[PDB]
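Protein chains: 4
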Amino acid sequence: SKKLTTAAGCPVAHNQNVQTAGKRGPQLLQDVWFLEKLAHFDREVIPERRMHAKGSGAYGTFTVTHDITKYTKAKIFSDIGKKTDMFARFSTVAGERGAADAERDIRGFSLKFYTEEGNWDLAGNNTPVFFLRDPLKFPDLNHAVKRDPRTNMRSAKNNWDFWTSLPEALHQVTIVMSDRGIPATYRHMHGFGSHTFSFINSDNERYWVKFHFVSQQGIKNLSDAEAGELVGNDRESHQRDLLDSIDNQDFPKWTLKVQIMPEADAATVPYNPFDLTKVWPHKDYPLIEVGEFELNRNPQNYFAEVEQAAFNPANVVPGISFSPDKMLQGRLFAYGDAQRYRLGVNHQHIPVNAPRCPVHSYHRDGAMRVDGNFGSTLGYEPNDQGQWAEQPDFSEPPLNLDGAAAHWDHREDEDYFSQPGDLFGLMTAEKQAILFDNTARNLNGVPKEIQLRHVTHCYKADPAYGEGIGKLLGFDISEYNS
Amino acid sequence: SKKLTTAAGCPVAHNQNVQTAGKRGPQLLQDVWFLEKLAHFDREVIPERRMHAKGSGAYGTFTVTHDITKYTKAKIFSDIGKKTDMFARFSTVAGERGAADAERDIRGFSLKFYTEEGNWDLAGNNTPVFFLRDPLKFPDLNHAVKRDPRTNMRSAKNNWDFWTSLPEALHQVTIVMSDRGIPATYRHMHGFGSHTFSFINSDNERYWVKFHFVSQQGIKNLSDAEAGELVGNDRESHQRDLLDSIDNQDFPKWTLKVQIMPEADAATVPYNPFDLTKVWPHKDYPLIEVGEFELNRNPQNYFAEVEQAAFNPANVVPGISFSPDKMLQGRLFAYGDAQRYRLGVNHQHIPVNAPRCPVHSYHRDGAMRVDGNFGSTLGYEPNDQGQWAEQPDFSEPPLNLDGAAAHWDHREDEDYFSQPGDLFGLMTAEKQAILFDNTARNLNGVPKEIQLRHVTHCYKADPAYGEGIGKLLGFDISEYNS
Amino acid sequence: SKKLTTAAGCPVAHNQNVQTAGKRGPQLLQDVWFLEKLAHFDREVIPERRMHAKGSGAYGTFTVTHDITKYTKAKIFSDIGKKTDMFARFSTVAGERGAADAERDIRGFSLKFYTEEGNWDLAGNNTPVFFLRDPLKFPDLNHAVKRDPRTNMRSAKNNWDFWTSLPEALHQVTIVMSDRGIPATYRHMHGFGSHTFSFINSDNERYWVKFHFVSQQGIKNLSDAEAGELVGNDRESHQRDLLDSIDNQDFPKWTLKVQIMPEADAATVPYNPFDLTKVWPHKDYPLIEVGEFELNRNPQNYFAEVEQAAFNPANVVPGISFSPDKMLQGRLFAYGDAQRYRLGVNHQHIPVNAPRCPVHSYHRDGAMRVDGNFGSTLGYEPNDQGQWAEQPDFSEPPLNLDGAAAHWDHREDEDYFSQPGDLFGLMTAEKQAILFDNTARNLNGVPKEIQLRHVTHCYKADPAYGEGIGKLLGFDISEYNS
Amino acid sequence: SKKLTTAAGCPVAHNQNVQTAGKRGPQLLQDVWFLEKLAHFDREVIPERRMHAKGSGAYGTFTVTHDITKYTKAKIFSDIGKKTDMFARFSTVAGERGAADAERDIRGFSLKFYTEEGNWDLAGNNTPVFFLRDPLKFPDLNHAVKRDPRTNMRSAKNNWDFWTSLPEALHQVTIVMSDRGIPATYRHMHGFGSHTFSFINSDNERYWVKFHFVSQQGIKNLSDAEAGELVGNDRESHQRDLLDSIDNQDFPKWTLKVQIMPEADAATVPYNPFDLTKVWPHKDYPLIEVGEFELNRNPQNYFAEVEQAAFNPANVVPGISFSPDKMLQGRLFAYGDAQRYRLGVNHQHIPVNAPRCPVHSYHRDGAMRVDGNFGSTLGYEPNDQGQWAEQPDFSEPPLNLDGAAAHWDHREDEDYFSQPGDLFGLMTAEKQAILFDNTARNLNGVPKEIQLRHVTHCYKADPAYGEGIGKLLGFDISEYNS
Ligand code: HEM
Ligand code: HEM
Ligand SMILES: [Cl-]
Ligand SMILES: [Cl-]
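Chains as they are written, first to last, in the deposited numbering: chain A, 3 to 484; chain C, 3 to 484; chain D, 3 to 484; chain B, 3 to 484.
Honestly, the hints are just simulated from the structure, not real lab data. There's no promise every hint is true.
Each pair may be met inside one copy or between any two copies, as identical chains are not told apart.
To be verified - Derived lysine-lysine pairs resembling DSSO-like cross-links, with alpha carbons at most 27 Å apart:
#1 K159 / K4
#2 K259 / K285
#3 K433 / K222
#4 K450 / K433
#5 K450 / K473
#6 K75 / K4
#7 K5 / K159
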């Protein structure tokens, strides 16, 4: 029971010395434990995630505290006090596997709720917005923010050339360059679904919805100087903090709140409600409390439960659906796809990914089939056994459409600057000074014409925002005020 | 259960019609069930086995009937009446996935015994010998007996050019060209370990051993004409027979018998006891009966239990070990290697491959890790927790060695023809004529110089053997006389 | 040079005998040539195709004979006498690698044209129609026509339960049960795109199109009895014929003809023009001649050129596009998905799949990257280098849409029987008798209620069609005439 | 030029906006550029190396300066002034992709020489020795020095529990805890083959050999405090240095020197000459200058040329071979094994891995076969076409052997401490204080019984070594005495 065996269950007699042809002779092929042990060792590693490769996870419990059942029939939300198992992974974005935790970056805020009608995956971020309006730009973002093909290092030129070429990116650039760019720990940041999603209620009415997760620990951040110091001591600071806190029974909590928009308002609101680079004003759609979750159990094995974790935005549950946010649409393809490659087609048989409700999922065979493959069950539908029966009671209402099939130009909406301006305007002088200093030092070494492209965008958001950065870089106002 | 869900447990509402932009419009990406179902479908297939790709499997039970505990300490054989669950896979060799069952070919006779001290895999054949003396020639044999690189069809010239270049191959060539080359069913053929292996007893004494599995149904074969007729009707004849026999409770049995040679005898016998192209004469080493098995249960799912089955000759149990047969030696590497590629590093977690005894196998991580991965258990040994403790009481005795590390030429042993001669001499005239006819027709269209090479080898086995084929082909006796 | 080396170019001295500790000792691990040779051998096999696994390929040339540039701007059709190289693969559907060539089945008719504006893949069939109207049924078809999960054999019950559950399948069921179900060779069958596609001209006007490939060798078929005799002798009959025909310089040819439907007609025609189970009457849309191709070159290596060939219906070229045929829509996802799994992400660097025109494809990294990965070229767009510039001149016209996003029920169109009834009406008494016999024998052993379901459908197509099978099965007319 | 196409060479019209059902409608599946672009993106990542994942590479040139042709027939050394092109990768050991360059760790020093008789791979380290005597302990070392299964962080307890269990590890622990544990740059460290290898001359005589690479830039190191400050600023410090140095034409250089031991001396020397934890004293075998290499080209693409680089210790060339060092013997299996998994079976067709000399490597098929697969060339040997002809002229002489096949206990050699003591004795008082300090801070938080185990080992090496650490930890000399 601490006794070593082979994978086939044979006792291992020799784990210290290989078999050789005499004391000083070469090694024998028939040391098969050596061959097995090293062959499994040689295959421990699987591909990292193409985005958010560096991260930390924990298990917890979501509890309903308020009634939103008029808007959604989702079983997770059905009764006050109702508890649901869940799993969260927090992460950086650009960093690879052993990259520093405490970098200036978006943080992933990824939740799996093990509901009675399926795993609901909400792969959120610590920001309500993102850089892009169209998912075609996503591989380009990755290539701009990660390592240069030649230098194998991040390139400020590549990063800023790309960002300055997409004025719609200004909102999230501002957020990442602000004081919230480096949370002090994963417990001291908020979470967001970011996208507009939808709620479907008992009567098949549709509402557009935003998910908000409010930290009960409050917001705490690190300056570039504090982060560099921390990173020099510990590339694993945020993992360390999450693990230690839960082991110390200091369980972090977040309050789920939602914004809910009747289907019809989408046609009338002054902002595109499906634009990922924009929020819905709280004045227009106030936050509505729903419940809270708390993270209260560390995984026993990081590789099995965290590295192998897969969150798919397409994994929704009755009462929760998508929206025509083009960014969300693209994500409906890319995650299942990336996860089948990264983890194997049968990766939902990995415990962390498995439903904790009845599952009868049809798909047969595939690599590493360990669940019995449904035994002798026939594989085709329609069939004379009524096997693999669809469930029409769960059918969503149609969605009205208007206009031709085409590549519609998102730049028809040129409101790239007002929401960033609003954000900047709300900052204290200290927060504005931090913003300015972070941006200016990030722009160091970046070719002047790219710098000026950014300063111009900041100016259009708010003249004080452009000027704050322009002054630090040594530009005359005339260079960026047109 | 009948109701259809996604892999994440979400009810599936539409399994008949995809989502489109209007009745006559193009398909929408947000049909996420379509993407999941097709993405899994697209990944059902895994690589087939490189050898013995076509096969049939069943479960059964082995029972000890005689006491051989004087020679082996293996728990499987420890008590008369002791029963052990097992899995068997029968197969052709050259045929791919949907190739005909009823071909002229060796048949695989592969057994997995779920013992209390590990899974014992014996991947045997329906013949006591093989074509080759050295494992380097194995890929060459595959390339000669399978599809030509250009034609994509088997090539008589490739096959016979290769066979005629290895005079040692004559024993197994004679067998495959004899009436035994096409068993009528898997139930009407014998099985053999083929290789010399070893038994180790309670006092750590070593014996060399051969395993023999004698069909209790007896031997039944098909002629080329009968097999062709059958194949034309049914490429699945042997699967159908095996499955149907078991479904009608006519369970096939085999009797295990062994030859046992004291270790010291191997230096004194007139033949090489580790030459896979040779048998041990029954006169020198009589068959010693051990027990019997029956196959009494069909797999519920063929892909998960038969296709994914992995038999590795290196999976031995205490009391059973290997020998210096170079062919056996090469197989100690190749199977685990082939199986990690074909099935994944964690394939021993697939139920058919899993031990039924205690397993504490050390290896961590790897693709599709579903077993918990030993949780938080440390991964290194030596350690201060007594974890992963080796088991020195199961240590095998040393093997004495003599001579330098070198590529010793097996052709020092030029006894290529005497055992084929003995086999031929024991055939009735009808069996000899069948041999002559099968060989002559197999050699059809093969260049004459290659045909002559084979006829010469046959003549050297027995003059009547060479002449029997020589006459059919129109050769003058002086052409192969010398 | 024919001298043997390692993969790293080191001379190999010993390819006949492995290195051992003495003449009769165990094998040494340091025989690294053995390890490398067997490790590569162990990895020769990749997954077969999930459908059409069994096949044959050849290179050839397409030549334009007629002017259709009024309808399409595609460069392949731009000038009379213009030659374009191509590769074709013909195949069965249900058979695995190694299954019989001469089975009753659809034949794949897959073409890759190496045009100056990209590879145009047309993955067609030897039939103008198919069994299904909706791509969700495809994995079900696979599972119904291939091996039973338990028996590992084809199942008449599974196949016919499935087909009788889909009355729309009757058209293709009729075709596959007719004398055309077994082509005598690949050269003696027609090819079809089957789907409605589109042509776009210089003025961006869209026409709907069907592609027809008319065999210049004529149609030749085999009966079940003739096919059985052939299979019994040769599982590779159609490969043998194609290879041998091309080596003998008897190059097979087909004439490309098209049906062309103005965009506005689609709304007015009495049949759904995007229904894969229906053809467009030649009376309404006569065949328009375009050109011809001949296959004149056998591949040098079958694995590298044929097995590794990837045909993706999404690989269209300017002037050729898709249609809202839901079956074609589903294919736009499945192939590239299946192919990246089967062949690797970078399979388009395999010579057979590579374009023979300017290519600058942007995708970076991925497994087995051999093309240089664009060197130091930056990887993001937009960028300040004008790199990865889109080509707006090649933009397609918008497609007009109407109606809500929904899973629209295709069974709104209940015209299941008229086109099968028409096809039957065109058959001679002899061809009808063959159809009746083929169907009755195919329904042998199938549960009576399933048989009756098919006969009922055949009855509704034409009373004589139903009665022909009904008689052979011993049914009274009252059992199926309602 | 600079224009975007699909992988099949079709021009891409829309790279900014995905195709939707109207301006604000959901995304259409038929946007096939989106699917292709995202599917390739989703598959960019391959597994990182199991050890030495973090690294930097460059191309250079080796020049022979002096004559050692008396001892080796290797072509690379055959003539003074002879130039050989090459590639080098330098690396850390424990860090993943993204981990800091400037950690306390062994550095990998890995060389590929493109010789006229094969690629000679020499995967060395920046140290002449290593922690272990037996290759079975390698996965244990990985699991001890990398991330704990539960915490996902490195563990001082795990690491030192393991190192203190292996007294033989002291030599390398001393070196990694010394000032040379953090090279300032890759240019400012030495390289070593570490293992005893062999040289074979024109007369087939064998010499044992050690390879040394002496930095022409000198040795320069960073203290823990200096390294932490650097890491806080830049995780890519060593990549940055190597890249910029070469771009600045400041080409780093190393002189190759060898130690050469006649075969006979191996039995007479007072140290095991095949013990990887030991050096050969310069007193007995002085360094003999051979040539130098410079690194003078940065790779064009890091992924394709550095990440995909594979160095296999078994890739030796005529004139150079192995030794019975158990650790070297194990590496002969593991690297090819790991690389086939990580990179694909055909990874030696990746340009950096490709030989420039004649290559005729035999192996057929396998994933991503892009080289032509030897076209129609037959695949078996022996054959009648002279194909795949072995090269017996390059045969190596036999190695005399003595003793039984057994798992021989290396702890028969109890000389664990003398060489670490010799090294300690040669350090200045300042470098000794640095050693004490690095070690004592490394032991922080490690259970006292483990700490004491290490101090005991150090004392055995030299009383002042043990006392130096003992003092800093607050132990009395009597607690770790003798
Ligand atoms: C929703 C409908 C369909 C789906 C999802 C589907 C799926 C597939 C898949 C996954 C493959 C293997 C691809 C590969 O690995 O390269 C394949 C092969 C093939 N299919 Fe389809 N199929 C569909 C309908 C059709 C139709 C309607 C046709 C004819 C018009 C067709 C013709 C072919 C041919 C010719 C091949 C073999 C291509 C080759 O020679 O490599 N399929 N199919
Ligand atoms: C039992 C002993 C050892 C085993 C089993 C082992 C195993 C491995 C493995 C699996 C890798 C990753 C290989 C790849 O994916 O390309 C690796 C990398 C490496 N190892 Fe070893 N190792 C051993 C000892 C050593 C020793 C003694 C040295 C130095 C003399 C060394 C130097 C290196 C270097 C430099 C690399 C990275 C090669 C590169 O730059 O791509 N290793 N090792
Ligand atoms: Cl994949
Ligand atoms: Cl592998």
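Structure-based check of all given hints:
Taking CA atoms no more than 27 Å apart as the test, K159 paired with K4 passes between copies only; the shortest distance there is 20 Å, against 55 Å inside one copy. In this assembly of identical chains, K259 and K285 lie within 27 Å of each other by CA distance solely inside one copy; the values are 15 Å within and 64 Å between copies. For the identical chains of this complex, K433 and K222 are intra-copy neighbours only, at 13 Å inside a copy versus 42 Å across copies, given an alpha-carbon limit of 27 Å. In this assembly of identical chains, the alpha carbons of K450 and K433 lie at most 27 Å apart only when taken from the same copy (25 Å versus 47 Å across copies).
Proximity of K450 to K473 under the C-alpha cut-off of 27 Å is restricted to the intra-copy arrangement: shortest distance 14 Å within a copy versus 57 Å between copies. For the homomeric pair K75 and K4, the shortest alpha-carbon distance between copies (23 Å) is at most 27 Å, but the shortest distance inside one copy (49 Å) is not. In this homomeric assembly, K5 and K159 come within 27 Å of each other (Cα to Cα) only across copies, at 22 Å, whereas the closest approach inside a single copy is 56 Å.
The structure shown violates none of the earlier numbered hints.
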